[PDB]
Amino acid sequence: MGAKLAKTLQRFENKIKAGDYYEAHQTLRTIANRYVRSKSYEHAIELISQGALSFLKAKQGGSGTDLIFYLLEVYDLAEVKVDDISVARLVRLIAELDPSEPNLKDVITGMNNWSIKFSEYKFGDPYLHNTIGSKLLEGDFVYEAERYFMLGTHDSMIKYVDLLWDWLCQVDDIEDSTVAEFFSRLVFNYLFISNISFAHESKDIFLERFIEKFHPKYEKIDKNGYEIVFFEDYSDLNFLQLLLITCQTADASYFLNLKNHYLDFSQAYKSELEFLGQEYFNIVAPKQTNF
Amino acid sequence: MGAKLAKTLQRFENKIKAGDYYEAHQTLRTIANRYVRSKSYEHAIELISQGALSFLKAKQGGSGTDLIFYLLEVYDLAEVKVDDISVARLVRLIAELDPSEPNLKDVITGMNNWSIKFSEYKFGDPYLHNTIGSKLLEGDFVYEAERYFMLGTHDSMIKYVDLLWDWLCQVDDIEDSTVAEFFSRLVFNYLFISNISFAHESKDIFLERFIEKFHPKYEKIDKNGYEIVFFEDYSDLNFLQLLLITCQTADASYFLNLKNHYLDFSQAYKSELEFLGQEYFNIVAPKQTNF
Amino acid sequence: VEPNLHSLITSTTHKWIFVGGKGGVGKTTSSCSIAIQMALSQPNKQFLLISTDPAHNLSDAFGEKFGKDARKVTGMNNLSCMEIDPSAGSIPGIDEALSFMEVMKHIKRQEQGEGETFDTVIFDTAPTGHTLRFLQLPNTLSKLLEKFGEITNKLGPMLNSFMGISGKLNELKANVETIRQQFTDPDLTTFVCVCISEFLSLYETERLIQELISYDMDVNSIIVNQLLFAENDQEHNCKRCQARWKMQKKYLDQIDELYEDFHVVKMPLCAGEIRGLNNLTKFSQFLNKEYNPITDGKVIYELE
Amino acid sequence: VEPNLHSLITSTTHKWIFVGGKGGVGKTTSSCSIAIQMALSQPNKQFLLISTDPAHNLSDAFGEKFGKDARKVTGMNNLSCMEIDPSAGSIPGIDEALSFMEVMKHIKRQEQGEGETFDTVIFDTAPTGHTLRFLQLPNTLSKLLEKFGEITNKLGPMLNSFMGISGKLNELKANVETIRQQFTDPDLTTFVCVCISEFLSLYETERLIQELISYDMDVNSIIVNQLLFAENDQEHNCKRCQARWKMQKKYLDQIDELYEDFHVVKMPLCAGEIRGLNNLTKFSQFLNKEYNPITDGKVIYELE
Amino acid sequence: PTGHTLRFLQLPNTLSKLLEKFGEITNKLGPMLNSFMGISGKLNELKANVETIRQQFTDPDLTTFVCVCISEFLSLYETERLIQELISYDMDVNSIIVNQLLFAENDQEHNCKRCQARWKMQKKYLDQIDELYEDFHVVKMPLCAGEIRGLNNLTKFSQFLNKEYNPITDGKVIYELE
Ligand SMILES: [Zn+2]
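Heads up: the sequence lines are chains A, B, C, D and E, in that order.
Using this note's numbering, you'd call the opening residue of the first sequence number 1 and step up by one each time.
Using this note's numbering, you'd call the opening residue of the second sequence number 1 and step up by one each time.
Using this note's numbering, you'd call the opening residue of the third sequence number 1 and step up by one each time.
Using this note's numbering, you'd call the opening residue of the fourth sequence number 1 and step up by one each time.
Using this note's numbering, you'd call the opening residue of the fifth sequence number 1 and step up by one each time.
No lab work stands behind these hints, which were simulated from the structure alone.
Where a beta carbon is used, it is the ideal one built from N, C-alpha and C, also for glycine.
A few of these clues could be false.
[Claimed, not checked] Examples of chain D residues toward chain A, derived with CB under 7 Å: (1) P186; (2) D187; (3) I213; (4) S214; (5) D218; (6) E260; (7) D261.
Input sequences plus hints: build the corresponding full structure.
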């Protein structure tokens, strides 16, 4: 079995380098179905995955995409649990995917859904998300990449700061409130999943780039270990930085005082603040619109 | 549990060496019943067995006998399978039994029955029988000992030849047909269970003692590896020796010729020969009475 | 058998002390008592009394607040108390395992954050729920592995070795180790049961002990509080009290005949409930030396 | 894929050759054929052809008496035949185990009493009864041990080690070894199936192969005898024969599309049945080199 | 062609009989006391019983099962089991059709070993069928060159189901459908 699989795999990638795509795809699936029929999942998984790899490497999205789905089907049929090996196979296949593949999103969804059903993550495996995010970004699917990166690993956090930084730079007419529209996303998103570490690191990397490119007037304020890059021309950024630390204290008073001083910002981020006040200050009372 | 059992066992054998038999017996059983109630058989088995040993060593057949039965009950309740350990416990207890114990036979039967239910032997474990046989013989229960020895081990075979030899010697008025009444038992019994090895060894040991005590006229006849101690004054013994070898050939002709030459003997051992002719010659036709 | 817990109170090897008794039979009391007697008798060893009763019986028995964080009872630098909540159907043993595994994490956590180490822990078992159910699964499932391992040895191992006794050995190794966690040595672990001379109590006691015996868990101590001994108290009279003890004496005899080789320590009845470190130590003294209603009558009418 | 058994007939590593085919599809024939082809191609290795068919097909195929005692077929000092009776519901695998374990005892017994050793055995599987059912129990029950071993690891192994990964290691060892007895290397063991181009046969074949695949047993050889190829034989005519092959050609195409990467060797139909060492070797030559009804027509109308 | 579409031909009798074990047993000592606190049950059961058994038995004079096969190992195996299955359904079965038979020892235009050998094998099994199903209607149908299609060729071939096929005289009708 082990010596037979290896062999045929060459006569398959031989039909692929020869042009015989139909032959290569038809033969492999029927044979793969046989393994599945006998519950020899493991065998089918390697065969299917390998077949999908070669197809994608040969720029044959059609077959490649199809096999990925078939693989996933088995994954759910074999109740393959989410772990390094299981994820690795998908990551290796995602890397060979063409950012323009008409099925991209579907493929991504399928993989992630699998990770959700066979893991304790309500939204999928972190590591897996790191790969998925990059793929989505290659097809200009920014918004989709942002979400995955938000729920990704440390590398995702870096690729999320780059996604937001390369977007801010793309803006021809920058303004005081423009830098906040991007920066705020980092503070709010990470604060929702309560990942203070990523919130602070993403903040530092983004605020430092902003200082080395736009050269805005500022001065770092340090107090009891904490620092707040006070921008002289960006109040939005000052407020946002204070909001982060405030949530860390989980003290109602501080949250109320910060909002009362920045009435305008308190109405721009109405819904957002309402949530933060419930997750960090146990507030059940809705957010009263200032304006 | 292991440290508690050991302890109490001394305070028990302390009540036995003190005379407090009732106390020792009552306490142990109730406690043992507790282990059994919780299905902690193993514990009860060691406790009960140990208690029975001490009672028998103190010449207290009453309690000793009772405990043996109780042990057996558990043995069947715990479905204890027949093996060295299982048999050993019973052998060790059988050794301390008084040959005159009013329950002897019952105790023996119980133990053997257990061996039959939890083994592949239709009549009980061989080794076990070896011990049982000796015990029965100590109470002058010869006939019962003979059966067990017959279905015993190699040592049993020796103790069976001694049981038959000491019986033959007990006869005040020995005759030509007297020596056959004892010797024949060895040949027939072992030939029924088809144990040619024991049949030949038992024969050799019995025929040699007979020659060194009675000094009968004989001459060893050797042919093709086989030997037949031809007695000049014991035709019965000659016939019996030929019968043994005959069965070994499993040839109908030889069996018929041997019987036709010894018509008298063919009627004395009518039933016996009928059986042998069915087990060694595939004869379905009954034995026609010569006289 | 000495009707006391001396041998246990003075034992420096024991490191696992169980204390059960369903029926509001004064479990909490006996627990604090046994813990104090051992701590005072062995000042060279740290003891830890932990309970799971949601009523916070240990905090109401001593007179101080006890939480998930082990704290030395005021006045003693040898005894410590712990009150944790053991909670804050397909496979047997699992649930119980999770419950006990969690309580032990609360133990090692309090031995790192000051306290360092407790030589013997006094487990104040919960009022309800057989928290010792998992004390049988480990031996159960394991023995099944043995039936599995052996049988999986088709004729051979002649041919089984040609296509492929490490299995018969590692099994026996995983076997003993497992059986060593339940047996946990009778010299290292024991179980103390508590009850009173009353029908229902005996019923509850009898079964409790059976359950423990099936766990192979050593059990030889039965505490019986609330006893009257109203035939010796210096200030007789009161039929009401004499009649009640006539009934308690009835069952007490069933206990002395049911558990002949058990440590049946008969504790005296106190006017009111015993609370506070002081009244507890003076009452626990009877667990070391038998209580004599003829002479110790004072100590009782003292706690009143 | 060469429509022949060359690679196998010339293989000196294989030591386990399976041969099945329910339906009186000429199983016996193919068995003796594959055995002779390998014995003649590798005279430097001892081969053993054993059957369990109560009809004594091997004795009727060669023309000599073969019993439980391995005997060299007359005329060959490389091939040997064995005809044993594999017999003379609660737990799956057991029964099958006992059956196979017994046949292997008959093998090692004939290698000690002259014959010394057979490098590759040609198993002529029984006509009925899945004698390879136990080819899945060992992997089955074992995997259950893994679910057993792991789960039995309550929170920890922090506390599980305080009351007591030798279990996770020995399991994996007993795991591989086992899987090594079923997998038995595809380069060491293989299975050859036999059938004919007929509905019922295909049905029986399709399932047989599925069964083996569930055993992870390598299968890539399908023998199809009784083929007519009545469109090439030099002496055409006979509609009866042409019509029959038109039907056989129908299914044969289903076989070449069902088993695309399988060794589908199409054997020719012979007038009468092939018996005797001579007529067998000349017919088995087609198992090494494809049969051409255009040129090899003589060899067939020769066995007639 | 596949799937035992007659599997439900046993459930109705099955579950019903279970009702009887249920109904009776539910009759604790009595009906002395069972009637003081409350045989309509023992009667209605027997009524729902017969009616049910009447849907399976469906009268052998009203319902029957005709099986089809050929003289070949695998076929016999399939046939033997099929009949067992039906008998467990109490469904009447006494007709076994065996087509594709050669009878190559009578056809006027002998020769062809290939055809003679095949029938020698079909004759082997056919004897197992005549000894296995002694009291069954084993109608042996002749083999036709090509497949029979069209109302015409069908009626002329089905005539042998009414009157036995004689390879000595009816040889024409066969080499006719060709
Ligand atoms: Zn023809």
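- Task: Would you list, in rising numerical order, the hints stated earlier that this structure does not obey?
- Result: As far as the earlier hints go, not one is violated by this structure.
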